[PDB]
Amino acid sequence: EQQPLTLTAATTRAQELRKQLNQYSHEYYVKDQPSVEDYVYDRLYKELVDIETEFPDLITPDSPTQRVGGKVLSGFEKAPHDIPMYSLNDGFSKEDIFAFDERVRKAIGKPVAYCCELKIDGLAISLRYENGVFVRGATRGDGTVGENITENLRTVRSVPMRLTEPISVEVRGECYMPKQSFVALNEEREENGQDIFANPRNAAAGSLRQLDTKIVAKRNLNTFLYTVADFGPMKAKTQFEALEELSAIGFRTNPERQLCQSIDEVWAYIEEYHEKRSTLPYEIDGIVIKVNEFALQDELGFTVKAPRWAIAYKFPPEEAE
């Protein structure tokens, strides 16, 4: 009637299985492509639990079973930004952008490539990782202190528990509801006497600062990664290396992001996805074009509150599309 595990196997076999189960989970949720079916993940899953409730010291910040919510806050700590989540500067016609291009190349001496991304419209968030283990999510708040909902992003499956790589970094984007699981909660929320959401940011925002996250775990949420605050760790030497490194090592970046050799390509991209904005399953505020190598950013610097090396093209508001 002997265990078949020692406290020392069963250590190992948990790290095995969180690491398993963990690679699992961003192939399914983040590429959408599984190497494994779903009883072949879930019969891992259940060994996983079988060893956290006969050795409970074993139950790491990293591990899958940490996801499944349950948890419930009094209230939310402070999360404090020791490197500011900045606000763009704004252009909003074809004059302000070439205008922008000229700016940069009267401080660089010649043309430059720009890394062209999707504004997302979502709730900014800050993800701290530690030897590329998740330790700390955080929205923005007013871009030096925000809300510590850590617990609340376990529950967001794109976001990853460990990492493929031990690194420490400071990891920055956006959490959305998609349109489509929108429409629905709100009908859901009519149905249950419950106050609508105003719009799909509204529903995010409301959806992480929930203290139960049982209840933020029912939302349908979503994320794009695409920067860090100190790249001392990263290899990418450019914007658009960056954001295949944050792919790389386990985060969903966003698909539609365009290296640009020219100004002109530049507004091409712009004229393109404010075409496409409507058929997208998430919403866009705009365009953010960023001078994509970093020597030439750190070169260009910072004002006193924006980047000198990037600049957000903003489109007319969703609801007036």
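Definition used throughout: the rigid core is the maximal C-alpha set that superposes within 1.5 Å between two forms. Positions refer to the first chain, counted from 1. What changes on going to the form deposited in another entry:
- In the core-superposed comparison between these two forms, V288 has its Cα shifted by less than 2 Å.
- Comparing the forms between these two forms, the C-alpha position of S35 differs by 2 angstroms or more, with the core used for superposition.
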Contents of the next structure:
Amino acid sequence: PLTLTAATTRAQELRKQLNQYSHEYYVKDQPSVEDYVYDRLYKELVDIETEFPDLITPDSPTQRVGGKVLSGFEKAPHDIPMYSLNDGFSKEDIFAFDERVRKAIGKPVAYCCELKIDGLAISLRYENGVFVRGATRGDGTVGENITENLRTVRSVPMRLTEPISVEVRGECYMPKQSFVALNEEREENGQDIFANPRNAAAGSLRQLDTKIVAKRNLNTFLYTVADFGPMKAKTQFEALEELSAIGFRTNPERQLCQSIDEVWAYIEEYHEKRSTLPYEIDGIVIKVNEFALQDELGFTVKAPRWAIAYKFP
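Since the one above is the form deposited in one PDB entry, can you give the form deposited in another entry too?
All you get below is the one chain by itself.
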């Protein structure tokens, strides 16, 4: 019925259409077509790949189910170190942070505020638009190469919107809903439950069998451009927008604040909205918006001087 020639062509058509649908459903959290439309096309692709396995590609949506089983994780170095954040706990801590920033820069500074997603910090590297490496923060200079596991995280693009080479960083986490379902499953199988979604995400990414990881329903939020490649963003707020543009999932609750007072209002706003979110957050991350100014402030041994994480009590 279908020759190798026709199938080879049709397979690419399906991957493109299905990947667009997944981008809308998983990355934008806003599907355009009904599930049955996706399922019908997905099945057609599975049928083609089953008949001619040589047509299976790394960016085919059928690969999301995983299948590879590792013996262990390779070391994943971070030539551009993955620092951690300095903490703040009181309104005075946040204002003190602002005072230090102003003292160093010499003028009022705008801040890009984001929710502190409670999960595992990860780094994603793309080459010519192709996903080539996924890694945990680990100790900051060396983490674990969890590329295969991240291929199963539905919101992680296997091929970017543009064939660019960049390295980005964000959080990989488990939504409350999935955390609950998972613990119930572990209770059913006589296993120890996970204390919180953070530990659930960490344990999930430590699994060597990708098939298991694929079922953990992990998700992502990207927030840092480590290796810009051709990206043009000059501020953090611009970077979040650009991360979205090239195909990554970004958190929609960020806000650019012109004053420390607006920053505190943001903190209080989301401090009370906290329980309404589908994911857990342990605070707010306040970042100097201008990259030029972030560069001026630099980093201590432990963290950047241009950011602070307000931790919820």
